[PDB]
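Enquirer: As a plain string of letters, each chain reads:
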Amino acid sequence: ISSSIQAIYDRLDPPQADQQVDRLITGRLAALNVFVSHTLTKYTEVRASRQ
Amino acid sequence: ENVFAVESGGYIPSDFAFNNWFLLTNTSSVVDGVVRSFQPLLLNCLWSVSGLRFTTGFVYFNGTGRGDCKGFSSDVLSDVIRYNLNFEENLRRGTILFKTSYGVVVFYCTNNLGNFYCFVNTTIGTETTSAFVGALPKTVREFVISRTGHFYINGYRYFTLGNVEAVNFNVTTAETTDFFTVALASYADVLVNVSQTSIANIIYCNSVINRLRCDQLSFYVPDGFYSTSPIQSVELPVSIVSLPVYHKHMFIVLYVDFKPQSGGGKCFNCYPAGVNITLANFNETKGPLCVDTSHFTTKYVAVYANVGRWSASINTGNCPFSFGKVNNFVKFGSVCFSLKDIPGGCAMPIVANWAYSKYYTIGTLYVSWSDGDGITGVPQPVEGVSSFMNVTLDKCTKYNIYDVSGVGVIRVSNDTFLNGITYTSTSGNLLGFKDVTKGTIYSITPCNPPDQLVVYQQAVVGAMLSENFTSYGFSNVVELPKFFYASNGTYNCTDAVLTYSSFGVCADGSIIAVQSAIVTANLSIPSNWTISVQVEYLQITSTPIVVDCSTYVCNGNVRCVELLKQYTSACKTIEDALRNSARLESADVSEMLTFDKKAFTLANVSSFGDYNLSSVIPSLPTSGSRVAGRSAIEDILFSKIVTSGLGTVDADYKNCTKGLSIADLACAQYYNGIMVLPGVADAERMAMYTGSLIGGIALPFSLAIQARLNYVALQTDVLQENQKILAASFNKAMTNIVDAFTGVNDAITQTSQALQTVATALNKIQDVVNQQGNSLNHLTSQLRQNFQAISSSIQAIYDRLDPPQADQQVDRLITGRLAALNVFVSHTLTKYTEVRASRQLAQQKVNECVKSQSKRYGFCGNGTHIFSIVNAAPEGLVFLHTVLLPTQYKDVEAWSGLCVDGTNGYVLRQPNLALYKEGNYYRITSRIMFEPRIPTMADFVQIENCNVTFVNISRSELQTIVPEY
Amino acid sequence: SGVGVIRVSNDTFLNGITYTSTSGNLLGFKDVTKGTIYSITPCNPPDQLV
Amino acid sequence: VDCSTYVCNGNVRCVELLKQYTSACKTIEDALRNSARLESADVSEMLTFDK
Amino acid sequence: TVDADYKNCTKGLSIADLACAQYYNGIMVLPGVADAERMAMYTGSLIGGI
Amino acid sequence: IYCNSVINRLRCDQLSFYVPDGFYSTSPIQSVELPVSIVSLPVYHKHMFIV
Ligand SMILES: *[C@@H]1O[C@H](CO)[C@@H](O[C@@H]2O[C@H](CO)[C@@H](O[C@@H]3O[C@H](CO[C@H]4O[C@H](CO)[C@@H](O)[C@H](O[C@H]5O[C@H](CO)[C@@H](O)[C@H](O)[C@@H]5O)[C@@H]4O)[C@@H](O)[C@H](O[C@H]4O[C@H](CO)[C@@H](O)[C@H](O)[C@@H]4O[C@H]4O[C@H](CO)[C@@H](O)[C@H](O)[C@@H]4O)[C@@H]3O)[C@H](O)[C@H]2NC(C)=O)[C@H](O)[C@H]1NC(C)=O
Ligand SMILES: *[C@@H]1O[C@H](CO)[C@@H](O[C@@H]2O[C@H](CO)[C@@H](O[C@@H]3O[C@H](CO)[C@@H](O)[C@H](O)[C@@H]3O)[C@H](O)[C@H]2NC(C)=O)[C@H](O)[C@H]1NC(C)=O
Ligand SMILES: *[C@@H]1O[C@H](CO)[C@@H](O[C@@H]2O[C@H](CO)[C@@H](O)[C@H](O)[C@H]2NC(C)=O)[C@H](O)[C@H]1NC(C)=O
Ligand SMILES: *[C@@H]1O[C@H](CO)[C@@H](O[C@@H]2O[C@H](CO)[C@@H](O)[C@H](O)[C@H]2NC(C)=O)[C@H](O)[C@H]1NC(C)=O
Ligand SMILES: *[C@@H]1O[C@H](CO)[C@@H](O[C@@H]2O[C@H](CO)[C@@H](O)[C@H](O)[C@H]2NC(C)=O)[C@H](O)[C@H]1NC(C)=O
Ligand SMILES: *[C@@H]1O[C@H](CO)[C@@H](O)[C@H](O)[C@H]1NC(C)=O
Ligand SMILES: *[C@@H]1O[C@H](CO)[C@@H](O)[C@H](O)[C@H]1NC(C)=O
Ligand SMILES: *[C@@H]1O[C@H](CO)[C@@H](O)[C@H](O)[C@H]1NC(C)=O
Ligand SMILES: *[C@@H]1O[C@H](CO)[C@@H](O)[C@H](O)[C@H]1NC(C)=O
Ligand SMILES: *[C@@H]1O[C@H](CO)[C@@H](O)[C@H](O)[C@H]1NC(C)=O
Ligand SMILES: *[C@@H]1O[C@H](CO)[C@@H](O)[C@H](O)[C@H]1NC(C)=O
Ligand SMILES: *[C@@H]1O[C@H](CO)[C@@H](O)[C@H](O)[C@H]1NC(C)=O
Ligand SMILES: *[C@@H]1O[C@H](CO)[C@@H](O)[C@H](O)[C@H]1NC(C)=O
Ligand SMILES: *[C@@H]1O[C@H](CO)[C@@H](O)[C@H](O)[C@H]1NC(C)=O
Ligand SMILES: *[C@@H]1O[C@H](CO)[C@@H](O)[C@H](O)[C@H]1NC(C)=O
Ligand SMILES: *[C@@H]1O[C@H](CO)[C@@H](O)[C@H](O)[C@H]1NC(C)=O
Ligand SMILES: *[C@@H]1O[C@H](CO)[C@@H](O)[C@H](O)[C@H]1NC(C)=O
Ligand SMILES: *[C@@H]1O[C@H](CO)[C@@H](O)[C@H](O)[C@H]1NC(C)=O
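Protein chains in written order, with PDB author numbering: chain A, 858 to 908; chain B, 37 to 148, 163 to 565, 575 to 758, 768 to 1033; chain C, 455 to 504; chain D, 606 to 656; chain E, 707 to 756; chain F, 253 to 303.
No lab work stands behind these hints, which were simulated from the structure alone. Each residue gets a CB set at the ideal place from its N, CA and C atoms; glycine is no exception. Hints are not guaranteed to be accurate.
[Stated by the list, open to error] DSSO-like, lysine-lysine: derived pairs with alpha carbons at most 27 Å apart:
| # | chain 1 | residue 1 | chain 2 | residue 2 |
| --- | --- | --- | --- | --- |
| 1 | B | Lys448 | E | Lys713 |
| 2 | B | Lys309 | F | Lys298 |
| 3 | B | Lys298 | B | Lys336 |
| 4 | B | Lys188 | F | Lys298 |
| 5 | C | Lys488 | F | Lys298 |
| 6 | B | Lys316 | B | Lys336 |
| 7 | B | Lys923 | B | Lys958 |
| 8 | B | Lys923 | D | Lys624 |
| 9 | B | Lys488 | E | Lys717 |
| 10 | B | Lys375 | D | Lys624 |
| 11 | C | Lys488 | B | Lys188 |
| 12 | B | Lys532 | E | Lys717 |
| 13 | B | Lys375 | B | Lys408 |
| 14 | B | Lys448 | D | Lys624 |
| 15 | B | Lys408 | B | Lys309 |
| 16 | B | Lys985 | B | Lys958 |
[Unchecked claim] Beta-carbon label-pair distances, calculated as ranges:
| # | chain 1 | residue 1 | chain 2 | residue 2 | range |
| --- | --- | --- | --- | --- | --- |
| 17 | B | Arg977 | D | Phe654 | 20 to 28 Å |
| 18 | A | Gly884 | B | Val258 | 24 to 32 Å |
| 19 | B | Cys255 | E | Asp723 | 34 to 42 Å |
| 20 | B | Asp969 | E | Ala746 | 46 to 54 Å |
| 21 | A | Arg907 | E | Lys717 | 34 to 42 Å |
| 22 | B | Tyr541 | E | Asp723 | 25 to 33 Å |
| 23 | B | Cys255 | E | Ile753 | 48 to 56 Å |
| 24 | E | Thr749 | B | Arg977 | 25 to 33 Å |
| 25 | E | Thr707 | B | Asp111 | 49 to 57 Å |
| 26 | E | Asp723 | B | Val258 | 24 to 32 Å |
| 27 | B | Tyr541 | E | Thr749 | 28 to 36 Å |
| 28 | B | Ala636 | E | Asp723 | 39 to 47 Å |
| 29 | E | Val735 | B | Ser673 | 50 to 58 Å |
| 30 | F | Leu262 | B | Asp391 | 52 to 60 Å |
Bound-form chain A, shown alone:
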C-alpha cells in the first residue's frame, strides 16, 4: 500500500497489516543484500589497488 510503514499500521488491523509489511521487509532485505554485494566488490577491487 505504501512505503511508510507507520501508515500501514495506521490503516489496518494487525493480521492484515503484517502481510503488507512482509512485502516491505522482503524488499528492504533484498535492497540491503544488493548493497552488501556493492560494498564487498569495492573492497576486493580496492584490495588489489592497495597491494
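Model the placement of chains B, C, D, E and F with the ligands on the given structure of chain A, informed by the hints.
Expert: Just chains B, C, D, E and F with the ligands now, with coordinates in the frame of chain A:
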C-alpha cells in the same frame, strides 16, 4: 527435591535442569536448535505440594490463594499457572476446575478404546453442557493454564476455555513420595537452547548485553562493535498538523446487536438470535450513505452484552483499511458505506463468534471509495474555518503532519527556508515541516537512532553515541572527532584489545588513539632475556557447501519440478557457481597440505630434550586405522569451542534414511537439499602436515634451537645458564598457554601480553564457527517464508488449488527461493575470497616463521623471533611463535669512538645501532637491546686524533672489533 | 502435508505432537493415542553422481 | 548499516515481525562488519611512521 | 556524503544534512581509516626516506 | 537426445549435449502414484455433504 528458589526479579537460576518444563507451542515443537520466543518463564511465585497429605485450593492469576512461595515473589497479574508433576497417576483421576467469569468449568478424563478421553463440563445456570475435547496424551508430566484460557499439556495446546479467573487442581496422591510444583508465571522474552525437543538452557532478553545475545540468536557474542537502537518509550503522545480547511463534520456510527441461543432447547452456541445491525442515517431510498463533509469519524457501538463466550467485530474483509482505523487521518476523494451491496466496493464482515470456535457473518458492511483527498477520517470532532495544530515538542511522539505519519521527536529549529511546507530525505522520511500559519520551521529527529556498542569478553565495555550523555548506565562521556563515547573507562591504559579505524579500545572499555653507536652514551638494555609464546589463528578453508537447487526450491514435489524447468538455467547457474568454487577450495588446500615421512618420524619429544613440545606433536594412531591423530592442544581447542546450534558442518549422511531416530540438523538440512561436502582438511591429513612441519626444526636439535638464539646472542646464550633456563622458561610459557586453552585462568598484565593472544584466538575461532552457522541458518530458514503466496508448504498449494491457479502461486515461491539461493551463493563466494587471502597469508607465515627464522619484527609476535609451532584448529591453522624479550632492563654504556695505539681514533657511521664492550668483546646491537653480536668493517673511519670520550685499544686489540683493521 | 516415508522410530520425547526443522518441514510426529514416535524421511533425497 | 533500523524505520510492530526473518539481519550486518574490520586492519598496517 | 559527523544529529538545531539524514535510515559511515593526520605522518616519513 | 537414461537426464536438466567431468547432484525420479496417510487429533465426527 528438584525444585529451586526464584531469583529476585523473577528469573529461573541458570544452573536449573528444566527437568520436566516444556517450551510451550501452538504447533511444531523444534527438535534441536536455538530459538527466541515469548514464554511463561518469568516466575511471580513458585511452591510445591507433597502427597503425605492433600490440600485443595483455588489459585487466582492475581496471586490470591497461592502457596508459600520460594526465593522471591511478585503480586502482578500472572499470565499463566504451570503445574509440574512428579508422579504416575497423571490426570487419570481427580479433576481441574476453572472459575470462569460466568461460571464453573470442570475438566476430567475417563476410559469408560480402553484408553483415556477427556471432557469439559461448562456449567451455566446449573445446566451442564458436557463436551468431548481430546484423547489424553499418555504420560502427562506438565500442564499449563493461561489466564486467556489456553490449556497446554506436555508443551502442546490441546484446547482453549476462554478467560479464567482462578484455577484449582484436585488430586488424591498414592504416596508420600508424590509431589507437584506449581508456578505462577508471566510471558517473558527469552532465548532458548533446545536439544532432543527439551529446554537445555535459556537467557532472558532483559539486560543490554542479553538483548544483544538474543537479537543474534547466540549465547556467545564475539568481541566487536554491534549496532543497537535502545528500546522506545512504551506509549506516545499524538501530534497533528494540517492545512486549515472548512470543518464540515460527520459521524459514521455503526450499531451491532445480537443475542445468544439459550437453555439448550435452542443450543447456546449454534447461531446468533435477535440480530439487528444499523448504520445511523442510512436512508437507503437515497442510496448508499456517502461522506459529504471534509472530516468524518467512525464509531462501532456494541449494543450486545458479552454473555458467555460470544464476541463480535468488524473485520477488514478485503479493504485497504479497517473500520475504526480510518479515524487515523486516512484520506479519500469520496467514500460511501452501505448495509446493502455496492458496486466495486470491498466488504467488511460483521462477524459474531462463539468461543473463537464458531463464526457467523451476522451481517456485512459494504464500503466504496475514490482515492485522492478532500475527505479525511479523524479521531474526534472539529468546527468552523480555523484549524488547530497540535504538537508535542522535545518528547518522542507519534505524528501525522500534513498527511505524512511516523514516530519521532518534533523540535523547533533555527533554520529559515522560503520553499515548501514539508522537507524530506532521499528515503522519503520527514526531516522537518513549516507551520504555514506562523513561518516557524520544525525538525524531526527519530527518537532512538542506532547507537553502537563495544563488546569485549561478553560485556558491553563502552558505547558510541550521537549525544553527550551516559546511555547504558556508563560512568562518563568523552567527545571524539565524529561521535561521543561513553564508558566506565579510567583513561589510564595503553594496550588496545579492539581497534576501529584510528581508535583502539582497551580492556577497561577506555578509548585511545594509535600509531646511537654515534654517541658515548648511557642507554638502557636488558641484562637478562625472557621468552613468551604468542598465539595467532588463520582460517585456511571453509567446509564447501553444495545445494541441490531442485530439491531446495521444490521440496521434491513433482509438479513443482516440471514448473521449475521453465526457469531456464536458473538452477544450473546457482549450483555450478557453488560447485566450481568448492573445486577450487579443494584444489588449493590439497596443494597446501604437503607431507614428508622423514620429518614426520623425527617430529617427536625424543627429538627435543629439555623442550616439552609433548602438547603440540600429533598423537600416535591408537586406532591403527590412521598414520596420525590430533595433538593435546588440538583436542583441547576443538573441544573448547561449541559447535553452533544454528547449523552443523560436521555432516555424516550414512544414517539419514536408515531413519531409526528423528533427524539431527545435519540430516534435516540434507532433506532441504543442502549438502556439506566432507572437510578438505581431514584431522589425519592435518596431523600429517603439521607433524611434518614441526619435524622441519629437527632437520643436536636443542643445539639447533640454541643456534636460533645465536642470531640474537652469540657468546652468552650458549652458556648452560641460558641453555637450561631458557628451556625451563619455554616450558613455563607453554604451561601457561596450555592452561589458558584448557580453562579460564586470570591474566595479570605481564602474562596478559601472551594470554590476551590466546583469548583473541578463541574469540576469532568461535566467530568463524558462528558465521558459518548463521550463513547456513539464513538459507534453511528462508524455506519457512511464504513470499506473498498462500503457504510455504508447496504440497499444500497443490492440495488446495486447480493446477492453472496453483502454478501462479508456486511461481511466487520459486522466485523467492531462487533469490534466497542467490544470496547464499554470494555469502559463500565472499567467504571463499576472504579465506583465500587468509590462506595465502598463512602459507607465507609458514615459510617465514615456521620453516625459516623470520628477520622481520612484529610479523611473528611482538618480540624478537626464534621459532614457530603450528597446530590444527576449526577450519584453521593456529600458530605458536616464540620470542625473546627484555628483562633486568638497566644501563649498559655505549661508545662513540675507539682510540688505537693511543694515537689514532675511530669514528663510526652505523646510527641504526648501539656499540658496547664487556668481557674482552665489543658488540653492536639495535639501540635499546642486548645482542652480543660483533661489529664489522666499514662501520668505522679513522683519524690522526683521539678524544677522552673514546675507549683505548692497540691494533692487535682491534681483533675484538674485527680481524680486518 | 507433504510426501515422504513414514517410519516408526526408536526415539522417545515427552514434548509436542509434531516435530519440525528450521525450514518448517515435518521431521516426525507422535501418535497421541499410543505414545509412538514416527519419523519422516523424504523419499528420493538428493544423491550425487560422478 | 543497522539492519533493524533500515528495514523497519524504528517502528516497534515491524521489529517484532522482523525477528521471524531468522538471522537475515545478522548475516547482512556481520558481512559489512567483518569486511570493515579487514579494511581497518590492512590500511592501519600499511600506514607506517618514522619520526 | 562520507565525511560524516554524528555529534549534532540529535541536538537538532537545524534540519538534517545528508550525513544525518542517512544516519536516520540506520546507515553509518565509519570514521575514515586514514585520517589526514596519519596520512600526513605516513607521507612525510616516506618523503623523508629520500 | 531423450531424457530417459540416468546420464541423458543429467544432460537434459543442464540443457547441454555435453556434460563436463564433475560431481552432479540428482534426486532419482519418484514413484508415480502414492498411498495416502492421514493423522488427526480425535474429534466428534459430525458430518455433512455439500453436493
Ligand atoms: C499460542 O497462540 C495464542 C493466541 O491464540 C498466543 O496468545 C497470545 O500471546 C501473546 C504473547 O505471545 C500475548 O501478548 C502478550 O500479552 C500479555 C497480556 O496481555 C493481556 O493483558 C494486557 C493488559 O494487562 C492487554 O493490553 C492485552 O491486550 C489488550 O490490549 C491491547 C492494547 O494495544 C489490545 O490491542 C488488545 O486487543 C487487547 O484488548 C491482553 O489482554 C501482555 O502483558 C504482553 O505485553 C508484553 O509484550 C508486548 C509485546 O508482545 C510489549 O509491547 C509489552 O510492553 C509487554 O512487555 C514488556 O512489559 C512487561 C510488563 O511486565 C515487562 O516485563 C517488560 O518491560 C516487557 O518488555 C503481550 O501483549 C497475547 O495477549 C496472547 N493472546 C491471547 C488471545 O491470549 C500464545 O502466546 C501462543 N503460545 C505460544 C507458546 O506461542
Ligand atoms: C545447548 O544444549 C546442549 C545440551 O545440553 C549442549 O550440548 C551439550 O554440550 C555439553 C557441553 O556444554 C557436551 O558435554 C561434553 O561432551 C563431551 C563429549 O561427550 C565430554 O567429553 C565432556 O566432558 C562434556 O560432557 C554435551 O556432549 C552436549 N550434548 C549434546 C546432546 O549435544 C549445547 O552445548 C548447548 N549450547 C549452548 C550454546 O549452551
Ligand atoms: C483476586 O480476584 C479475586 C476474585 O475476584 C478477588 O477475591 C474476591 O474479592 C471480593 C472483594 O473483596 C470478595 O467479595 C470475594 O469474596 C473474594 N473471593 C475470595 C475467594 O477471596 C481477590 O480479592 C483478588 N485479589 C487481588 C490481590 O486483586
Ligand atoms: C460432567 O457432566 C456430565 C453430564 O452431566 C456428567 O455425567 C453424568 O453424571 C450423572 C450423575 O452421576 C449421571 O446420571 C449421568 O448418567 C452422567 N452422564 C454420562 C454421559 O456419563 C459428569 O459426571 C460430569 N463430570 C464430572 C462430575 O466429573
Ligand atoms: C559501569 O559502572 C556502573 C556504575 O557506575 C555499573 O552500574 C551497575 O549496573 C548493574 C547491572 O545493571 C546494577 O546492578 C548496579 O546497581 C549498577 N550500579 C549503579 C551505581 O548504577 C555498570 O554495570 C558498569 N558497566 C560496566 C560494563 O562496567
Ligand atoms: C476431587 O477429586 C476427587 C478424586 O478422588 C473426587 O472424588 C472429588 O469429587 C473431586 N472434588 C472436586 C471439588 O473436584
Ligand atoms: C480404565 O483403566 C483402568 C486401569 O486399570 C482399568 O482398571 C479399568 O477397567 C478401565 N476402565 C474402563 C476401560 O472402562
Ligand atoms: C436496531 O438497533 C438500533 C440501535 O440500537 C435501533 O435504533 C433500532 O431501533 C433497532 N431495531 C431495528 C428493527 O432496527
Ligand atoms: C492535543 O491532543 C491531546 C491528546 O489528548 C489533547 O488532550 C489536547 O487537548 C490537544 N490539544 C489541542 C489544542 O487540541
Ligand atoms: C541560526 O539562525 C540564524 C538566522 O537564521 C543564523 O544567523 C545562525 O548562523 C544560525 N546558526 C546555526 C548554528 O544554525
Ligand atoms: C558534555 O558532557 C560533559 C560532562 O558532563 C561536559 O563537561 C561538557 O561540557 C558537555 N558538552 C560538550 C559539548 O562536551
Ligand atoms: C595508571 O597506569 C600507570 C602506568 O601503567 C600505573 O603506574 C598506575 O598505577 C595506573 N593507575 C591506575 C590506578 O590505573
Ligand atoms: C620418540 O623417539 C623415541 C626414541 O628416540 C621412540 O622410542 C619413541 O617411540 C618416539 N615416540 C614417538 C611417538 O614418535
Ligand atoms: C610436558 O607437559 C605436560 C603438561 O600436561 C605433562 O603432562 C608432561 O608430563 C610433560 N612432559 C615432560 C617431559 O616434561
Ligand atoms: C548411525 O547409526 C549407527 C547404528 O549402528 C550408530 O551406531 C551410529 O552411532 C550412528 N551415527 C550417527 C552420526 O548418527
Ligand atoms: C610490544 O611489547 C612491549 C614490551 O612488552 C610493549 O611495551 C608494547 O606495548 C607492545 N606493543 C604491542 C603492539 O603489543
Ligand atoms: C534406542 O532407544 C533406547 C531407548 O530410548 C535407547 O536406550 C537406545 O540407546 C536407542 N538407540 C538408538 C541408536 O537410538
Ligand atoms: C555542530 O553544532 C555546533 C554548535 O555549536 C556548531 O558549532 C558546528 O559547526 C556543528 N557542526 C556540524 C558539522 O554540524
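Enquirer: Hints first: check each against the structure and report whether it holds.
Expert: Consistency of the hints with the structure:
1. Our distance criterion of 27 Å between C-alpha atoms is met by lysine 448 of chain B and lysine 713 of chain E, whose separation comes to about 25 Å.
2. Restraint check for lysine 309 of chain B and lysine 298 of chain F: satisfied, since their Cα atoms lie roughly 25 Å apart, inside the 27 Å limit.
3. Between the alpha carbons of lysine 298 of chain B and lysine 336 of chain B the distance comes to roughly 20 Å, so the proposed pair stays at or under 27 Å and holds.
4. Between the alpha carbons of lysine 188 of chain B and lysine 298 of chain F the distance comes to roughly 26 Å, so the proposed pair stays at or under 27 Å and holds.
5. Restraint check for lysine 488 of chain C and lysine 298 of chain F: the C-alpha separation of about 24 Å stays at or below 27 Å, so the hint holds.
6. The hinted pair formed by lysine 316 of chain B and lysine 336 of chain B fails the criterion: a straight-line CA distance of about 39 Å is larger than 27 Å.
7. In summary, the hint linking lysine 923 of chain B to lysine 958 of chain B is supported, as the alpha carbons are separated by about 25 Å, within the 27 Å threshold.
8. A distance of roughly 52 Å separates the Cα atoms of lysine 923 of chain B and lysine 624 of chain D; the hinted pair therefore is violated under the 27 Å criterion.
9. Proximity of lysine 488 of chain B to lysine 717 of chain E is assessed by CA-CA distance (about 23 Å); at most 27 Å being required, the pair is judged to hold.
10. Pair hint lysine 375 of chain B plus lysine 624 of chain D holds up; C-alpha atoms about 25 Å apart against a cutoff of 27 Å.
11. Only pairs whose Cα atoms come within 27 Å are accepted, and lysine 488 of chain C paired with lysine 188 of chain B is accepted, the gap being roughly 7 Å.
12. Straight-line distance between C-alpha atoms of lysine 532 of chain B and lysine 717 of chain E comes to about 14 Å, which keeps the hinted pair within the 27 Å bound.
13. Annotation: proposed proximity of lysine 375 of chain B to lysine 408 of chain B holds, straight-line Cα distance about 26 Å (limit 27 Å).
14. Between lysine 448 of chain B and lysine 624 of chain D, the direct Cα distance comes to roughly 23 Å. Compliance with the 27 Å bound is thereby established for this hinted pair.
15. The hinted pair formed by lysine 408 of chain B and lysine 309 of chain B meets the criterion: a straight-line CA distance of about 15 Å does not exceed 27 Å.
16. Only pairs whose Cα atoms come within 27 Å are accepted, and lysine 985 of chain B paired with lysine 958 of chain B is accepted, the gap being roughly 15 Å.
17. Judged by the Cβ atoms, the range 20 to 28 Å given for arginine 977 of chain B and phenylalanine 654 of chain D holds: they are separated by roughly 25 Å.
18. The hinted window of 24 to 32 Å between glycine 884 of chain A and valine 258 of chain B holds, with their beta carbons roughly 31 Å apart.
19. Between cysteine 255 of chain B and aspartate 723 of chain E the beta carbon distance is about 35 Å. The supplied range of 34 to 42 Å therefore holds.
20. Range check, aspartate 969 of chain B to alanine 746 of chain E: about 51 Å between beta-carbon atoms, so the 46 to 54 Å window is met.
21. Between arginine 907 of chain A and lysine 717 of chain E, the C-beta spacing of about 37 Å keeps the proposed range 34 to 42 Å intact.
22. As the Cβ distance of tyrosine 541 of chain B to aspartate 723 of chain E is approximately 32 Å, the hint placing it in 25 to 33 Å holds.
23. Look at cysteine 255 of chain B against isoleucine 753 of chain E: about 54 Å separates their beta carbons, and that is inside 48 to 56 Å.
24. The hint said 25 to 33 Å for the Cβ distance between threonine 749 of chain E and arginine 977 of chain B, and at roughly 28 Å that hint holds.
25. Taken as a hint, the range 49 to 57 Å holds for the pair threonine 707 of chain E and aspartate 111 of chain B, whose Cβ atoms sit roughly 54 Å apart.
26. Range check, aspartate 723 of chain E to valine 258 of chain B: about 30 Å between beta-carbon atoms, so the 24 to 32 Å window is met.
27. For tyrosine 541 of chain B and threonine 749 of chain E, the hinted distance range of 28 to 36 Å is satisfied, since their beta carbons lie about 30 Å from each other.
28. Under the hint 39 to 47 Å, the C-beta atoms of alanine 636 of chain B and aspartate 723 of chain E, about 41 Å apart, fit the expected range.
29. With their beta carbons about 51 Å apart, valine 735 of chain E and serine 673 of chain B fall inside the hinted range of 50 to 58 Å.
30. A C-beta distance of roughly 57 Å is found between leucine 262 of chain F and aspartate 391 of chain B, which places it inside the suggested range of 52 to 60 Å.
When held up to the earlier numbered hints, the structure conflicts with 6, 8 and fits the remainder.
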